[PDB]
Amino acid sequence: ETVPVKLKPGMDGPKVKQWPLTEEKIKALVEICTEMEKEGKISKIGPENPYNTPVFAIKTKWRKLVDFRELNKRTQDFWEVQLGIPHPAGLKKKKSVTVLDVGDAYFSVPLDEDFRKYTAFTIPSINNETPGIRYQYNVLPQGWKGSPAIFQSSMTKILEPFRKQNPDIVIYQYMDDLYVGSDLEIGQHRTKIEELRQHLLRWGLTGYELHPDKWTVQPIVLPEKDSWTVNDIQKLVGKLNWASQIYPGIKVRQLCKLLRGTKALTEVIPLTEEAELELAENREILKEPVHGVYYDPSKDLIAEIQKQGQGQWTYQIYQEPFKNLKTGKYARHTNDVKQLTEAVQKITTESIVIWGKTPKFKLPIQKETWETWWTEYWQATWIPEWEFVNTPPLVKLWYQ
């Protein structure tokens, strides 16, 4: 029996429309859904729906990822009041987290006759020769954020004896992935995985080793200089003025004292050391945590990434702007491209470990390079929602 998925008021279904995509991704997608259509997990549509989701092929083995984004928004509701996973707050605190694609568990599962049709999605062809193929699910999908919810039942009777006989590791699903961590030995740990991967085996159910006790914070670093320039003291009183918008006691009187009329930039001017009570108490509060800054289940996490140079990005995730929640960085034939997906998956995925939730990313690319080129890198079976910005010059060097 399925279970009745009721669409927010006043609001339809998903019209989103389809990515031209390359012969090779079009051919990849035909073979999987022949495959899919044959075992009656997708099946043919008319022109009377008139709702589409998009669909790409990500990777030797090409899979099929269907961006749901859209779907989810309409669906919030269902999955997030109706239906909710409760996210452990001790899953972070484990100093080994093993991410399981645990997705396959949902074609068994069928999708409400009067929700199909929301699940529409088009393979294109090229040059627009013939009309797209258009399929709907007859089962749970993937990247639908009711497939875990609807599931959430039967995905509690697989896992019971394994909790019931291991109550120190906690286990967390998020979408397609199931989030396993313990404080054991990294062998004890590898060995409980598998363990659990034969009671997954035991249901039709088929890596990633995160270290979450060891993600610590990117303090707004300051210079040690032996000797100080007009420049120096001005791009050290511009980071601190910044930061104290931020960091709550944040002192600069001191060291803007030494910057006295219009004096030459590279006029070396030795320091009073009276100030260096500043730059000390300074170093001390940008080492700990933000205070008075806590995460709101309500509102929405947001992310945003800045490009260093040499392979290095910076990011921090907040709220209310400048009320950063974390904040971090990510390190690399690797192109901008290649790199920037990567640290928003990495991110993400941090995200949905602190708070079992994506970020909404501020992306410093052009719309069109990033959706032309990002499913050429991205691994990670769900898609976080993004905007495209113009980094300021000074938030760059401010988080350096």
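Residue numbers count along the first chain shown, from 1. Superpose the two forms; the largest set of C-alphas matching within 1.5 Å is the rigid core. What changes on going to the form deposited in another entry:
The residue that stands out in 185, 195, 284, 160 is 284, the single one whose Cα moves by 2 angstroms or more between these two forms on a rigid core fit.
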Second form
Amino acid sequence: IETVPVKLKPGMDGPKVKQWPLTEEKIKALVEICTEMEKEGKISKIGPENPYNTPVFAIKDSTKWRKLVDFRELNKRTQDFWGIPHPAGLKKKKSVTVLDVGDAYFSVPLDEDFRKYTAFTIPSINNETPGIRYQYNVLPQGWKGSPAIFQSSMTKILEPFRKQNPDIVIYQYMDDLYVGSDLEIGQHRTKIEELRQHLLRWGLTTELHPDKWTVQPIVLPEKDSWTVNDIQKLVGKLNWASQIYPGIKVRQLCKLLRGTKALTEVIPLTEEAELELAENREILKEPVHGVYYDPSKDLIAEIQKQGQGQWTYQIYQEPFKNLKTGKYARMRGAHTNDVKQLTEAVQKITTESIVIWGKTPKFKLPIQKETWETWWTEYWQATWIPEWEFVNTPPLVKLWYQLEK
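Switching conditions: you have the form deposited in one PDB entry, so give me the form deposited in another entry.
Left out here are the partners and the other molecules; the chain alone remains.
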């Protein structure tokens, strides 16, 4: 077709992110994939007068490798195109399926003036040789500008299946398509092939249940007898929960902690303490009132390492005002790898944010930058990449959330 002019944001220069080192196997796969793309005119080699750069790497499913480009920096510096809105229905469905449509993009030429900004580098081993430089001639996968510039074409190709199915909902984000229905699994799945074959007919491809993502309740411990230690730990968590629910009281329990009693000594709960403990439980039976999502604010996702393979998390915009909270557990075959578990949690959580709000949250990761950067790619599978920062989990937040039900 033709190319629509595209610019960076005022005063923004192009990305110059350094390429991280890669294993011999990933380099060989990238060399193979790129020599093919070059032959088809998708990408071309470039000269030294191009100083920009975006990092690239290689992910899997079983046999072949897929190329993944991190255009996070280019995306930020890329102008705005205000894409489609967000169907408040998609999130309310019953079953959503994700489809990779990145192949669609290779058929549309990228404005020649913008091409240089997509430069990337395949590194070598031991510095033996300079990297192999390339830039895109066509809409690249992962750049926010692609889905947008292909919108008119995507609506045109989805219209028939859409008019045919007034009920089902389709929502697009980056390279993926999120389709949901209320049908019956069998009819749902087979109804997807109908869509895929329709996509196959142009060039595109060769289970999530939103009605289960519900904020979890904090349940307090229950005991036959209570020791001084028991009462101190209960009082510490409640003292924190008060930051969320102002009606929680600890005066009665705290009165039971006067004196200097051995930590193991048993203390009889007075009637007052009894009531106070009961009012607090009653308050905790529901999420706190007043929390609503603001579109002019960033979405934040925090994760704590609970141990024994469990990982808790919260999504919010303002402190103590959670939009969603949950617990993700280690799955079959990760019993010795924290990194693999964290990457699985991030993707799962990022996916959830997309379905509900149409954007990805900013993550606070309880891991060291070096440890994360050296291995996160080993287990990534999404076409997209969220933003992230590394933190130092406060001992309390952790203690309170493992109290979840």
